[PDB]
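What follows is the residue order along each chain.
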Amino acid sequence: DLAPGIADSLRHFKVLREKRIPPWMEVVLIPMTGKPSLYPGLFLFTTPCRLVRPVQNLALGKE
Amino acid sequence: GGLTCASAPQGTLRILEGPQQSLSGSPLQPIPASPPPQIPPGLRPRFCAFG
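Taken in sequence, the protein lines are chains B and N. The opening position of the first sequence corresponds to residue 569 in the deposited numbering, with each subsequent residue numbered one higher. The opening position of the second sequence corresponds to residue 103 in the deposited numbering, with each subsequent residue numbered one higher.
Mixed in with the good hints there might be a few duds.
Unchecked claim - So these bits of chain B aren't anywhere near chain N, every CB distance computed over 12 Å:
| hint | residue |
| --- | --- |
| 1 | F611 |
| 2 | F613 |
| 3 | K630 |
To be verified - Chain B stretches covered by chain N per the calculated footprint, using a threshold of three residues with CB under 8 Å from any CB of chain N:
| hint | stretch |
| --- | --- |
| 4 | 576-586 |
| 5 | 596-608 |
Said to hold, decoys possible - Chain B is nowhere near these chain N residues, computed Cβ spacing over 12 Å in every case:
| hint | residue |
| --- | --- |
| 6 | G104 |
| 7 | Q112 |
| 8 | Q131 |
| 9 | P137 |
These are computed hints drawn from the structure, not numbers from a lab. Cβ atoms here follow ideal geometry from the backbone N, Cα and C, with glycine treated the same way.
Required output: the full structure, derived from the provided sequences and hints.
If you want it as structure tokens, here you go:
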């Protein structure tokens, strides 16, 4: 019940560059469907060599 | 200082920061669409046929 809030807080911190969260962080929250979907968990990646691309976050209005 | 075993606790308080959502929940601010290509004004027939 707290994990979407933590994921949105980390995306907020990432796109606003607030709490030394890198702007290239992948905040993945794989949800618990109760079905044979992907293995759930809040996965956070900051390592290099990943592909990353700019979109615009419409809630914040920033890239 | 005998350090006896006390009873089981009643419950659990858990303190953590809450995010502020006075900003989000607003109307969305998308990137504005680029205009469709419009014909330039002042286009005239420059080529007239010979003779």
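Chain N over the stretch 576-586 of chain B, status - at least 3 residues with CB closer than 8 Å
Our answer is that it holds, as 3 residues pass the Cβ test (under 8 Å) against chain N, meeting three.
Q131(N): least C-beta distance to chain B exceeds 12 Å?
Incorrect as stated: the minimum Cβ-Cβ distance to chain B is 4 Å, not above 12 Å.
Decide, holds or violated, for the assertion that all CB atoms of chain B are farther than 12 Å from the CB of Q112(N).
holds (22 Å)
Interface exclusion of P137(N) relative to chain B, criterion Cβ beyond 12 Å
holds (19 Å)
Grab the minimum beta-carbon distance between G104(N) and chain B and tell me whether it stays above 12 Å.
holds (40 Å)
Check the non-interface label on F611(B): least C-beta distance to chain N beyond 12 Å or not.
holds (20 Å)
Counting residues of the stretch 596-608 of chain B that have a beta-carbon nearer than 8 Å to any beta-carbon of chain N, does the count reach 3?
violated (count 0)
Could you let me know if the closest chain N CB is still more than 12 Å away from the CB of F613(B)?
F613(B) is indeed farther than 12 Å from all Cβ atoms of chain N, at 21 Å.
Reported absence of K630(B) from the contact zone with chain N (all CB gaps over 12 Å)
violated (9 Å)
The structure is inconsistent with the numbered hints 3, 5 and 8, although it conforms to all the rest.
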